[PDB]
Amino acid sequence: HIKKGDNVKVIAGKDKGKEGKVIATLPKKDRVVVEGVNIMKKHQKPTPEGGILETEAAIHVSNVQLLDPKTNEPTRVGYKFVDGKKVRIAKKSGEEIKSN
Amino acid sequence: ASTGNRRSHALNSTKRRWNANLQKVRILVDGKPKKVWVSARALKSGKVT
Amino acid sequence: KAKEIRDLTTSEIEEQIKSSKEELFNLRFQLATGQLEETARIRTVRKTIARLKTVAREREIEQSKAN
Amino acid sequence: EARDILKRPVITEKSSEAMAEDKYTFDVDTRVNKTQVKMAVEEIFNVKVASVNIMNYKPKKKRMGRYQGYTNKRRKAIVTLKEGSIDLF
RNA sequence: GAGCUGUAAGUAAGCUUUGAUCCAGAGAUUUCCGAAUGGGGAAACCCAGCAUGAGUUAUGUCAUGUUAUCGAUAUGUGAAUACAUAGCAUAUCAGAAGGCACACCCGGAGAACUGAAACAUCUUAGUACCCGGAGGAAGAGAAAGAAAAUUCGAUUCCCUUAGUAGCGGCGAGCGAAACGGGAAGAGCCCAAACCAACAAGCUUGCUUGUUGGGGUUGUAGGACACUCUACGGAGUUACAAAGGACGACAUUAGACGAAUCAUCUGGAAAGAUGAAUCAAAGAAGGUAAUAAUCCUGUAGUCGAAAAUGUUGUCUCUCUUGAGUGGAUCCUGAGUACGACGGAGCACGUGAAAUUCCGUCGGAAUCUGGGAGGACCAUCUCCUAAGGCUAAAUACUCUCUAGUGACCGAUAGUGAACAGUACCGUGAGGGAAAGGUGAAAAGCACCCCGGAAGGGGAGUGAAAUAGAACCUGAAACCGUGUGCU
RNA sequence: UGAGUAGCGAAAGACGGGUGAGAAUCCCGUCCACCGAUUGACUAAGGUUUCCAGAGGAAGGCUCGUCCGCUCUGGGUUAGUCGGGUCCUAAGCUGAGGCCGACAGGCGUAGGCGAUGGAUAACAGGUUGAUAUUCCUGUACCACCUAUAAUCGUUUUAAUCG
Ligand SMILES: [Mg+2]
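Here the protein sequences come in this chain order: S, D, F and Y.
Residue numbers 1 to 100, in the numbering used here, belong to the letters of the first sequence in order.
Residue numbers 1001 to 1049, in the numbering used here, belong to the letters of the second sequence in order.
Residue numbers 2001 to 2067, in the numbering used here, belong to the letters of the third sequence in order.
Residue numbers 3001 to 3089, in the numbering used here, belong to the letters of the fourth sequence in order.
Please note that a few of the clues may not be correct.
Unchecked claim - Pulled a few chain F residues facing chain Y out of the computed Cβ check, cut under 10 Å:
id, residue
1, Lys2021
2, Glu2022
3, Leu2024
4, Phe2025
5, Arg2028
6, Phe2029
7, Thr2033
8, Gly2034
9, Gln2035
10, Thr2039
11, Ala2040
12, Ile2042
To be verified - Residues from chain F that keep clear of chain Y, each with C-beta distances beyond 12 Å, as calculated:
id, residue
13, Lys2003
14, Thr2009
15, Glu2015
16, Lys2018
17, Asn2026
18, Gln2030
19, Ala2032
20, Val2055
21, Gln2063
22, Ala2066
Just so you know, these hints were derived from the structure itself, not from any lab.
Ideal Cβ placement from N, Cα and C applies to all residues, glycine included.
Based on the provided sequences and hints, a complete structural model is requested.
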């Protein structure tokens, strides 16, 4: 489960192996947007004259994995209660720095 | 006044009623006397005029 | 705003309702003549009026039980 | 009650040419009579009302993509005043 | 615990880590009609009285309360009529009224087509329809019973007895019960004799009334006579009733939850090939093809501020129980029965006993009364004419969790997008209509054309996937050709 | 398929100019023709936005269409006196108590409701694309309330009201 500012890795699709970072979330369809991944080309009409534009489209969230902060490998995520508050762990190391 | 059958000699059947022998007499009802319908059998039995 | 409202005395609340209703009237007149451009204020003022009425009914209910 | 009797002003070309005289057009709650309208205008705008006329409008049929319905019914009031003027835009 | 302002896409303007949107519990608000109830009325409207209040020089206007009919409970008053009474008036209470899944249950009233190879007794059938009353069940229920052993011991339901015994234009057809095997199991309160009081007549004797106690049955019990005895038991599901405390479970939101990498083909891998790992978890669904190890989950374990529902332990609240005498007193009356006319019992009035309704008659009192299929005698069993009672049983418009050698868009609900288009004055009848793609990346720009349509270019793995969008049969309509 | 077949729903049009991609069919003009106890002008029932302006031409229009009672966007109905209610009653319908009836319910007294009838105060002119006895100007009338007042004189009576 990934937040808005993390640094992830793509594990499925055309762009498998790229890193990028998250910029949008869309939780109702569970599809994130990652920079430089899944780029599309739109035909926009004049609204100024338009033309072909390139932006990123959303990818399904289960095609993305976080990176172990220490060893820098993909990992799943668990939870832990500290100070009576929930944090994220890397299933291969300790705490996971996710402030922004 | 329940219902029943009238029977012929060939035993054909038709619906029919038995009525009660109601009479209009003046009986003592709470306080003032009133004039109501009462059967003759109930009159012979359990009520005073 | 519900915690801020509960500090007001019962006569301040009436004056506040009377002012919010006027403020809302003016916005609806501006919207009709076509010069408002900030349409999000209309819902805000309506919700404040609803909160004021809720807090006013609470006190009147509560005191009658004590009486 | 006064801010609840008057709903909004009507701005059209007939209403504007009426405003060339001293007549102003309003949409009002559909339950009020013209005496309430007269007393509400005087309280809100601080003027002197000479007269007031009213009329009812039926609901109209209308479409939005194979969805047949009706608009709201409405009540319209025209207020002539003796002294003063109402500032609008 | 980071996004959010319905389906619902946009833009605008905004909200949110000082915790929003969202989920559960409890509150507040809740226009008008409708039993509709101030009066009226063509529902969703019109017109009022009374009392407060705002406003106005004052009227007009507005706001808030209250005002149906029957019923109950008080008070006052009182006609033909003297007392009285019928009425009448005032004030408190809020008892009824209407609706439904009204499926199942209990009552009232009750067909015909049909079968009998016609039809009338009979059958369809006490079925359909209509009306009334209710409950989570209802009804029945504690022997005036079943029987014929050496008996049993309230009721209901299941299996058998058995298509037997019986009934029947002895035709068509209708059709039990006891014994035996099981589910469940529970018993009680009155009326009367009598006693103690109180009260009116009365003459203080009696009568009657009111309260309380007592008391409840068959190989007879109880009153009375006498002799032996006391707070432990009992309880809100009948057996009398209220309400407190502290607990324990279960709902109604949730939380944690093991383990995988690489190459090939490809638009994309979960597939193939190779090497690994978890399992109290290899249910299931998603993810760009087919995943135990990617996501949501699963096995397992944890969790409630608040409101409900059960259930314990205290509290609480009630209350003596035996024996002998047995025939001195009490033990359910227009009742039981009978005649006439009917109905229900498997049973068509018959050898009809047994049980109900209408109309007339009309008992007995323990040496009594009833039943054992006309009746009589002897035997055996029981004790009517007052009432209450859980469980085992029936049903599903619903709610929660699941299941299927059930359907897969002419099927399955009439209805996957509707009791809607539409038809009918009305009651009423009643359709047709699912699929772009993995992702809108939904075709910028150029050309012909008024547009609609099209040809290129571009997106895409694919555009003969371009929205009349998966696949795209046949009938049918065309264009070009080899032989004729 | 029948088949480019039957039909295209009573009738008089002609020409010039205009607009348009496109005109027998739309707009303007002249001439001609038809109705005229009516194909003219008012008010009711009934319908329910069909009304007006700007834009449009896929479907509807028995042809065409640049037009439209069709599609899109925005507008339009003003009352003390007009017709109803806050007035009256007819037939009829309901009906407190009441009478009758297996149930359901049927009838009916006082009283209500109910116009198609009785009562009842406004006319002339101006003005819009779309309303007018309603808006504007002029001149009226009818109810009700308060002030300013002669007449008012126990409130029997008297003026008054009843
Ligand atoms: Mg062909």
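(request) Sort out which numbered hints this structure fails and list those numbers smallest first. (result) Structure breaks hints 10, 11, 12, 16, 17, 18, 19.
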